[PDB]
Every structure is written in structure tokens, then in C-alpha cells.
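Only one chain comes next, encoded as C-alpha cells, the form solved without adenosine monophosphate.
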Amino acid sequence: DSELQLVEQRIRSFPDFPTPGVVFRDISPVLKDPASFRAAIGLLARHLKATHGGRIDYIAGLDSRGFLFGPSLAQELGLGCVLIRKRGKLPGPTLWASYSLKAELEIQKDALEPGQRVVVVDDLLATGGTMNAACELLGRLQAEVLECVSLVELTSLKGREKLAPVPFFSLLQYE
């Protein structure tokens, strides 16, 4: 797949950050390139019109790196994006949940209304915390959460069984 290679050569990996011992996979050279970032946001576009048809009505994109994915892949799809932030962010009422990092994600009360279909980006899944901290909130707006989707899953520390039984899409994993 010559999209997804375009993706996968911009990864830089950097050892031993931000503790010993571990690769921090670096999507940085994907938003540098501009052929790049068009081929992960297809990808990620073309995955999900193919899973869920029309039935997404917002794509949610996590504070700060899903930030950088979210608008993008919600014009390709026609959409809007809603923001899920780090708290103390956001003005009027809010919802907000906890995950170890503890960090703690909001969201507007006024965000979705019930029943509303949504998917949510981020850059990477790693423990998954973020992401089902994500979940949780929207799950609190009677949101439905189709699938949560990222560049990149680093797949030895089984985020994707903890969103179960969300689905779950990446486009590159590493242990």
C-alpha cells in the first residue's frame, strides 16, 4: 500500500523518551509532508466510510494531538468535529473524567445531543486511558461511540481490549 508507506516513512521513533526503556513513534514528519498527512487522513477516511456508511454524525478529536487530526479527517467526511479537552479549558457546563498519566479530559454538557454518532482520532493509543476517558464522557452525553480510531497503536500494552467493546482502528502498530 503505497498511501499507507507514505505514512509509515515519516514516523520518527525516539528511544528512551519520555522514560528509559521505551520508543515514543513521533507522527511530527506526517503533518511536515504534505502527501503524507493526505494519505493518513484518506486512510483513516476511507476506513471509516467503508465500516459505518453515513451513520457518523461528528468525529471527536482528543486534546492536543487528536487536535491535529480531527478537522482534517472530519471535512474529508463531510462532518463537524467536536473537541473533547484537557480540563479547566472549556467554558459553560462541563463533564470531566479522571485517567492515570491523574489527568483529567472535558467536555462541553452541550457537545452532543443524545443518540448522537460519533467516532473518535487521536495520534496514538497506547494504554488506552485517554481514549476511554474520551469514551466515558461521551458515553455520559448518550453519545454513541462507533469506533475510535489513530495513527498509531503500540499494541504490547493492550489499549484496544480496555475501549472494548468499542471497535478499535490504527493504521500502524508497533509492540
Given for the second form:
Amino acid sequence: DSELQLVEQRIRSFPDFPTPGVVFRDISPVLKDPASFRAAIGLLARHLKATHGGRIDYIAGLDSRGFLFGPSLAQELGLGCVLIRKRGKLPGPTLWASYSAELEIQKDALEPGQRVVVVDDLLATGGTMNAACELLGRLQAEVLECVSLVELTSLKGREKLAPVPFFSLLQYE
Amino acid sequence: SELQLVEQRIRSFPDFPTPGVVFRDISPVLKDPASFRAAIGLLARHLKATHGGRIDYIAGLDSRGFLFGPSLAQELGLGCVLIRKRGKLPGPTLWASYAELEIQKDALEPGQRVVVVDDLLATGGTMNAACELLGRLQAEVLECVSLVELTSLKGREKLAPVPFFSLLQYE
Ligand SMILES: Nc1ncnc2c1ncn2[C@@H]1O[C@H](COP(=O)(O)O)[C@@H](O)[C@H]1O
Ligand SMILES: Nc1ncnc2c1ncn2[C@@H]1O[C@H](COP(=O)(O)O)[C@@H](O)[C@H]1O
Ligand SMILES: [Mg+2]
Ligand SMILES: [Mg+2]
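Got the form solved without adenosine monophosphate; could you also share the form solved in complex with adenosine monophosphate?
First the chain shown before, then all remaining chains and molecules of the complex.
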């Protein structure tokens, strides 16, 4: 897949950053190469339309690297994007949940029954995405799927999110 | 009418995060696809009319600037480089105080021309640090842009002589 190759060639890996043991996957080059970024968004959008048809109401982007992809993915799908932030950043009444640290969402971000897909750059343990799903569930929204560019399969984040479906463009151990 | 589509989706919260201030919340712009599209289109039209073919990259500022940078870059046919809170980026970096921002040393080459984007200009401290970092890579900052500007805080003056443009102004 030519388009998927355009994304994979723009992920750079940094052993022992930010601490010894972690291999950091840097999506910065995907953003810098407009063909790579277009490919990533298109692949995610095609998957989501093929899987959910017209059932998605909103994309939810996760602070902060998910913000890089959420609005462009939403736009490609003809949808709005809602924000899930690190605690302390949002005005108005909020709910919050531990993700490791805490994520937060505005109490009026969604109405009950609205259907949402969550996007982040990378799934590791699944703590961050799981916190997002908890918050969305507490607004009585339905999480249709979580998606990312990168998935670290040895950390079993997919299993943590089950039964919420998960999809990634690229997998590393 | 496009600008109206953006203005009508800014929501103002008094006394957040401290008493006396008004927080301008861009969340409803993001939530309404027509409003977001209008905002990106107005910024892009400004930048093309002002700079023609001179822009090489957009630089988006962590975190809310990340919401607009990539879409703006895509609309202009350009890539987007990232300026982050210190500690977040791998590899060789430069940093600048103001809290600290950081950029990867290979983000830009000497001579490359960039426009910086963030959601809101207040005191101008954040954008000023971004411009400092970019100048230290020997990049040229053509302009800084935002959706919202708080004019009583004199951010524009802080940035001078780097040009600045906002879609919307509040005291
Ligand atoms: N190895 C890694 N490289 C880059 N980002 C990471 C890495 N591990 C975790 N992250 C970031 O942390 C979150 C995923 O961690 P987790 O909550 O364990 O799934 C995402 O928001 C990622 O941006
Ligand atoms: N009144 C405000 N409402 C919303 N965001 C603000 C406000 N003041 C400052 N900010 C944020 O802080 C940064 C600008 O602060 P400054 O460095 O003073 O220009 C931007 O990233 C804004 O998102
Ligand atoms: Mg993250
Ligand atoms: Mg900011």
C-alpha cells in the first residue's frame, strides 16, 4: 500500500526517550510532509466510513498530539471535532478521569446517544484512550471506535479498550 | 458571512481561570464543521494574499495551535512543523523561556520561511518565544496569526517587528 508506506517512512524511533526503556515513536515527520499527512488522514477516514457508514456524529481528539489529527479527520468526514483535555484547561463544568494524571471533558460536550470516534497519535497501555472512553460514557455517548496512527502491540492496549473496537495504521512491538 | 460563522461560535466564560478575566473558548468552532472550515479558509486566504509563494512551512504551537496548524498547512499545500512545551520532543533541541517551549534542531533549515499559528494571542509571550526559537534555527518568521486577539494586552506590540494577523479582536 503506497499511501501506508508514505506514513511508515515518516515515523522516526528514538530509543530510551524520554526515559530508559521507552522507544519513542515520533510522528513529527508525518506532519511536515504534506503528502504523508494527507495519506494518514485519508487512510483513517476510509477505514471509518467503510466500518461505520453514516453513523458517526463526532470525532473526539485527545490532548495534545491527537489534536494534530482530530480536526483534519473530522473535516474529511464532514463532522465536528470535540476536545478531551488534560485537567485544568477547560472552562465551564467538567468531568475528569485518571489516565495513568487526569483527562477532562466539558459536561455539555455531547448529548446522550451521540456517536463518537476517538483519535490519538499512538496507543500504548491504553490508559489515555480508556480514560477518554470513560468520560464519553459518563455523558452517555456511544464510543463506536478508537483509532490511532501507531499501536504498540506488546502493551495490550487493544485488550484494555475491549469491548470498544480499535484500529491502527501501523503496529510495532 | 464567513467571519460571522466563526464569531458566532466563540463562547466567553467570565472569571476563568481567575476572577476578572474572560476566557474565549474556541471549542464550538471546532465542533461546527462549517465554522472550522470558514476559519481555516479565512486564514489561508489572508496568508496567500499577503505572502504569495514565500511561505515554506506552517509552525503550530502546543497545544491549541495544533488544532489549526495542520489543517491550515494542508489548505496551503504545505507541511506543518511543531513547537512544543519543553520535554516533549526527542533528538537535539533548542528551548526558550517566557515555562519553556522547544523545537527540534532539524525542524527547519537556515533560510526557510515560516508562519506561526496559535488559537489566541494574549500577552504575546508564547508567540514571542516561538519566534525566538525559529530565529535561532536561522528561519525567517513571515507572520504570526491567530483566531483571537486580546487587544488590551498589547501582544501585537510585543511581536513587532514580526507582522501579526487575527480573525477576531476582543478588548
Ligand atoms: N512510545 C511512545 N512514543 C510516542 N508517544 C507515546 C509513547 N507511549 C505513549 N505515548 C503517548 O502517550 C499516550 C499513549 O499512552 P497510553 O496511555 O499508555 O496508551 C498517547 O497520547 C501518546 O501520544
Ligand atoms: N483569555 C484567554 N482565553 C483563552 N486562551 C487564552 C487566554 N489568554 C491566554 N490564552 C492562551 O495562552 C496563549 C497566549 O498567551 P500569551 O503568551 O500571553 O499570548 C495561547 O496559547 C492561548 O491559547
Ligand atoms: Mg499524547
Ligand atoms: Mg497554547
